[PDB]
Amino acid sequence: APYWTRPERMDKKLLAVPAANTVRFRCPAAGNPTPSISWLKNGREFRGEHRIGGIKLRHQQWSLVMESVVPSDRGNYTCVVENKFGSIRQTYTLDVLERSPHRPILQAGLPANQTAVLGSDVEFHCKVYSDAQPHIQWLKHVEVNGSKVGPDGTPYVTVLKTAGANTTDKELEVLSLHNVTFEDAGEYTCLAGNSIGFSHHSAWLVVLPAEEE
Amino acid sequence: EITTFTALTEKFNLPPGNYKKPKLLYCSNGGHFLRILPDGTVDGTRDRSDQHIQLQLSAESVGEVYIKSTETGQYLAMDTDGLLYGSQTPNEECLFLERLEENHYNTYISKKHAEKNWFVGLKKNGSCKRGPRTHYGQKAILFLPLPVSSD
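So the sequence lines, in the order shown, correspond to chains B and A. The numbering of the first sequence is the entry's author numbering, which starts it at 150 and goes up by one. The numbering of the second sequence is the entry's author numbering, which starts it at 5 and goes up by one.
Hints are computed from structural coordinates only; laboratory data are not their basis. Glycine included, every Cβ here is placed at the ideal spot set by N, Cα and C. Check each hint, because a few of them may be wrong.
List of simulated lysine-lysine pairs, DSSO-like, C-alpha gap at most 30 angstroms [what the hints assert, rightly or not]: (1) B:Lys233 - B:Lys162; (2) A:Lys116 - A:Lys15; (3) B:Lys161 - A:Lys15; (4) B:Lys162 - A:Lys127.
Label-pair ranges, simulated between beta-carbon atoms [said to hold, decoys possible]: (5) B:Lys289 - A:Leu18: 19 to 29 angstroms; (6) B:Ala169 - A:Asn95: 36 to 46 angstroms; (7) B:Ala169 - A:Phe9: 25 to 35 angstroms; (8) A:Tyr140 - B:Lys205: 39 to 49 angstroms.
Working from the sequences, and respecting the hints, build out all of it.
Dropping the structure here:
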């Protein structure tokens, strides 16, 4: 009859961890005679190389050491202690994340230059993966009395109201201009800020009258 | 080399606006999912079903962020004592400073009491940790985001 030599230390099956970092799943036991330790992935025999990097479990320490973990490893791992007089088993659910310690990444082409009639109401978009809480802003490349670039060598701009709300896409980042006089013809920038530096794209808008050619 | 459609026709190979969706705030210390109890007190829990672990973050400025629940609307905060509660209104008491530590774990520092380095960790049993109680280095303060459900 087998038993968990260390029960108290076995209620933590949730093991959320960062990628490429060795993991050690164990569950100490004993009995008469020494019971076997069976493993499995998701719920079926976990081969001693059942995956890349392979494993190296110490069937003696009642452990299952895995190195350089990967999201593809995230899977409720279960230990099985079977003995002639009894068979016990407990399961640990593993996960693996891959943090993106960068600035916000913004799909290209977005925003993208566009045109519109006066009094036309427009939008500009922005996809932004960004693990770290981003702080997206929409600038307007205004030109302070004379030049577009001030003594800081960096362009003059102005944060924009927001023009509306969420609505459309809960995955995008639009800016909605409305009566678009031949005054919003400047350049618009999407400045995605982040704990880890800033990222950003830009684009142009051009507005004309009502006939043409 | 396998692959699929979608990413092959995509225009961006990362989940767009993924910061808008809500997530759980694990805690490297125990195995808990930060919880802002309906009443208003905060604590730990493993119950991957606890209807009060679904946090919705956001940043009004770089690095500074609000931690919030998707059930109520409690703007988690830290009182002058070092107690994490859950204001109903957004206020200086509820602004945290987020940072992705080399151990790829995030840490929240009570912006207001930043100077003293008070974190939003969780004491082993899973109970909230008194501000002053935290120390930069203890797993208690090492939180690690998680998707609402498994896969």
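Do the hints match the structure? See the list:
no.: 1; hint: B:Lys233 - B:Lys162; result: 27 angstroms, holds
no.: 2; hint: A:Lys116 - A:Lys15; result: 41 angstroms, violated
no.: 3; hint: B:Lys161 - A:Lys15; result: 40 angstroms, violated
no.: 4; hint: B:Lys162 - A:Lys127; result: 18 angstroms, holds
no.: 5; hint: B:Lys289 - A:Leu18: 19 to 29 angstroms; result: 27 angstroms, holds
no.: 6; hint: B:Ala169 - A:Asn95: 36 to 46 angstroms; result: 40 angstroms, holds
no.: 7; hint: B:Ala169 - A:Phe9: 25 to 35 angstroms; result: 29 angstroms, holds
no.: 8; hint: A:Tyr140 - B:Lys205: 39 to 49 angstroms; result: 34 angstroms, violated
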